[PDB]
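Form solved without the partner chain, single chain, as structure tokens, below.
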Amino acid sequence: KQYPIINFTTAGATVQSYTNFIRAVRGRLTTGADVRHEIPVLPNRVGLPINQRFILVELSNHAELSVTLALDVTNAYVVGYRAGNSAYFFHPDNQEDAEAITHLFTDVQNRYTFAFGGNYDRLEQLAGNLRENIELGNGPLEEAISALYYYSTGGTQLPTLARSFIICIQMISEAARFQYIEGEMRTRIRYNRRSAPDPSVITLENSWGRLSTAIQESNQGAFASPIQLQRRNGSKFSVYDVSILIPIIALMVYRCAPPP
């Protein structure tokens, strides 16, 4: 089965090539049909044809190594990847997702399913480091592509693999979900400055599902409960309404149908 493929290379990467990549990814994740308070909602998992379930991100680096990440269109999240003759999948949450991933990389010679899921809690434990201690940028991405590629012949240990997934997920999935995080990566690429995400980034990533719920359930734009987020300096602030999120969040996971 063929899914839509978006290419990115770290080789001669610019602010514009990274931006064109992330815009292409958002374009393929959304039908455009569902928009709540100006923010697009990803397709509902329920009833979604398998032929429309995934998109593929092909990543190449200066070493001319390529890996293809599979993203689930329902949550923009990485479900697995291919490196040459091997494909690797996170442990699916449920039997429906276990069945869904049998449709990815169907021609690959070797298929592997990890015992662990792709959630940050587990990936941080395998990496031996939190996201706040893992640098992001074109350099970390170049390194993550090599690490993912060389897992296929065991040239990569599990902690380095896990760190590589944390880099890829943030620079692709989280950048697609948030204009703010795309902006943080664009600043790194423009000025050639690798750095770990600050608390403003980590708390947005943490809150994505909760912000998606809060916006979609909202009393015509206003939240039932205040979501707590962090400033760059790590101080906590409360978000009561959708207006402050429209500049920040690009995509939401489907929670419920639009209100009456």
Given for the second form:
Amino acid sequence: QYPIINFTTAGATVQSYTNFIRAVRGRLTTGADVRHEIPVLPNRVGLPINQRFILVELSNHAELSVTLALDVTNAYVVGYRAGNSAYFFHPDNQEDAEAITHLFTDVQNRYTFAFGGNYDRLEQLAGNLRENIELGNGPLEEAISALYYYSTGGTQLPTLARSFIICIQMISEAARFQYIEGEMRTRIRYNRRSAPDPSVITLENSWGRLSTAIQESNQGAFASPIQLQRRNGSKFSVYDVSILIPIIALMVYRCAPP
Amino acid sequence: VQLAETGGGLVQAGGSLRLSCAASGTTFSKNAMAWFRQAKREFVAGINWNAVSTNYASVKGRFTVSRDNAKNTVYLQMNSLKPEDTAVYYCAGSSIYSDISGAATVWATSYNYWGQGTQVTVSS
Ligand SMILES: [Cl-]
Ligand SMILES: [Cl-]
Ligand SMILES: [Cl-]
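In place of the form solved without the partner chain, the structure of the form solved in complex with the partner chain is requested.
Full complex below, order starting with the chain above.
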């Protein structure tokens, strides 16, 4: 039994979503390993399977519910359970292939998709890019519904792919970035929904690159600056870890702590 | 998706047939495949994307399922054929799932693409 964190979109407030994300982070990493003030996720290699995942239980005002499984190494969604079925993205190696069989063992039906959970593939299936897919409590509410109905036959592939894209960003990306968590709190605050702006999208795209640069950094300065975009799409470069401390909450482990 | 099947027809008993099915355009190496048969439409054999996991129905120890991802082909090798095996055989696939485990393996509904059937008739 992996740890379970419960969140409802019903009556969702800025605080309840903040408490939720805080708790998700708390389960992803012990915080024992920090590098330049930024917590590093457990190193995949050597990690015992009984520690490998956490579970995120999502429910809405519709009183439908689904269970997401997150990999503690990258904080990313690997699959989910609705009712008597579990569904998993295509594992990219044998060792990942084996890991997920420890998820949702008592379900009647077990499916592995032909596709992975990367944005490029999901976008192709959903028929839309991330920048065309709106985010907020309303979109999460619908995504949860689409995911639950998939197990009953009421959800088509394109809507499923779209719902993944919504959940991954509002949960995984938000746990990874305080900045992305912030934009979600803002949507909830004004009770609005909107597609993510360029600052959100480029962060998402850059998480692995920023994990590497921060961990390989000499003294906190980057050998290669990292270009990001602001909300308005204008471009600027990050030369130093100091400016990302407010931005990025967790990193994938790239190397030994020295 | 396009399918091309070979093998079928009349064979005697204790004798054998090989059914072959080529698929396209899809990503076949990523696709769960299955064989079904009718009279009277049920699951016969099925195989996952990497061919490390296979299921059989009545046919166990006789029929074996195989695939070559290089050719986008899936095979059914039928051995020790008995009159009760006479049926129309359909190759099925899923462009959605790489692996279908549990009950859903045998649901015709788990598979979103289907070849035309081939009559297989095993005489006494
Ligand atoms: Cl949706
Ligand atoms: Cl930024
Ligand atoms: Cl450093």
